[PDB]
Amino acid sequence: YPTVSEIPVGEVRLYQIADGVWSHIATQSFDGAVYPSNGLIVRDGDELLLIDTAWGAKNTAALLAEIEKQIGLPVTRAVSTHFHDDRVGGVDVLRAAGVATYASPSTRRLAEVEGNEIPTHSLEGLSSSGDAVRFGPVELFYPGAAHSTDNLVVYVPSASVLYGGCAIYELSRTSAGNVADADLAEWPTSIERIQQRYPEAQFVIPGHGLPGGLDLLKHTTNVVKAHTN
């Protein structure tokens, strides 16, 4: 799996998880440190569904160029998993390239309030914790508030791949990240809903860092509870 060792700042690498399923990894520089951020790419026939930008116009343009070079299939739809700039930043680049950008109404409202880029299309049917909707080759799930009140997770049933965005932490992260917008009280319950819905998941992608198995869910609850206390 690519780490910041192999990815310069402003560059994007793809990692093929299964037939028609990739993660995208971008090296982000923020507040003195650098870390890798993950998103997802899922093939849907002869088109691609993108989950999350690469954080910013420049990185997301690099993401599209890397997809064009490595995969050569068009990104026709994108979903942002919550409203923060790292997940919607670059939506304008996607839109200018002809990608239909999507987010829940909650994510769109919060992005607007924050002054962030706003996906054009609305994902209906995700307003209540435990709501799930099918979206092409993935299921979108609103597990409840966690890293943010609007955070979605994404499951690829064909590959048993679960992408958690920033609701799921990598094992090397043993303290809470940015939780300014988090619901610490609900986060463990929201993780339980993820566990209850996708107990068959084989490949779990955290928002940042190395993928793992379903124990990343317990890891995240451990870290969240330790921060709560």
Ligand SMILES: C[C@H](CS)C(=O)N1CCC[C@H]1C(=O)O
The other form holds:
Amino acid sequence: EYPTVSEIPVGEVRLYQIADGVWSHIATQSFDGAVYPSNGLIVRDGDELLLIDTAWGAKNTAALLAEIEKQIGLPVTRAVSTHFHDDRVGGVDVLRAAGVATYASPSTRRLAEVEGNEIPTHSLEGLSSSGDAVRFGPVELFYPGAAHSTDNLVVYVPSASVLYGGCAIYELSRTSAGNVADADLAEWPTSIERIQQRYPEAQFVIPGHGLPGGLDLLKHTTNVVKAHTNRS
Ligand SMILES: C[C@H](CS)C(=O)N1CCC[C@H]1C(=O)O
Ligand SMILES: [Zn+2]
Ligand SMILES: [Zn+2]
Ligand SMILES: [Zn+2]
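Okay, that's the form solved without the ligand, but what's the structure of the form solved in complex with the ligand?
The next block holds the full complex; its first chain is the one shown before.
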């Protein structure tokens, strides 16, 4: 029942209810002639909504806000970008123009600026050291260490036992490494083990791209990362 590319036209976003007060958003974009899905998260925060990640670009993110407005009808007051890439901060200007307070760690804000990407306005302190966690309303933000990127954060919704791994966690169907240009291949397995150690009770695990699963997605990603590391 989870939305895949065939169900999402160009420029549109679908929402998927994972648990009470927790949804994923799914959008698509083309890269080198192939179509990729991308996931973000929506977490109910009292009578407001916390958004995790843009929908990968200004068009998709405008569609994201319209679909949230249409389907949930609660204001998106804060957004957190979980790393500096365009599927996470692309669309931050649309969020900002719509009154959403956009947040990212200083590490992500720094890397986004270097890359010429959009820059969330607010800074999330307390996340610069591997193993650091901070509460952000209905979620915990966790910096597990460098993996897919040096700044990647994961998000845990304790009320629903939902772990959102972002692009540091691969879906099961991905059996070879994706974009590792900004990755720390040497530290990625150790970072995944920090996630496993902190959230062993997680019931739902959302990769940045593709189908949700359980905690097996962590070991899966480690397997794929180690196989890529040993490419000969
Ligand atoms: C925009 C995302 C950020 S994790 C990305 O790097 N992608 C998504 C498509 C494949 C790969 C690439 O561009 O190389
Ligand atoms: Zn990325
Ligand atoms: Zn990604
Ligand atoms: Zn696997």
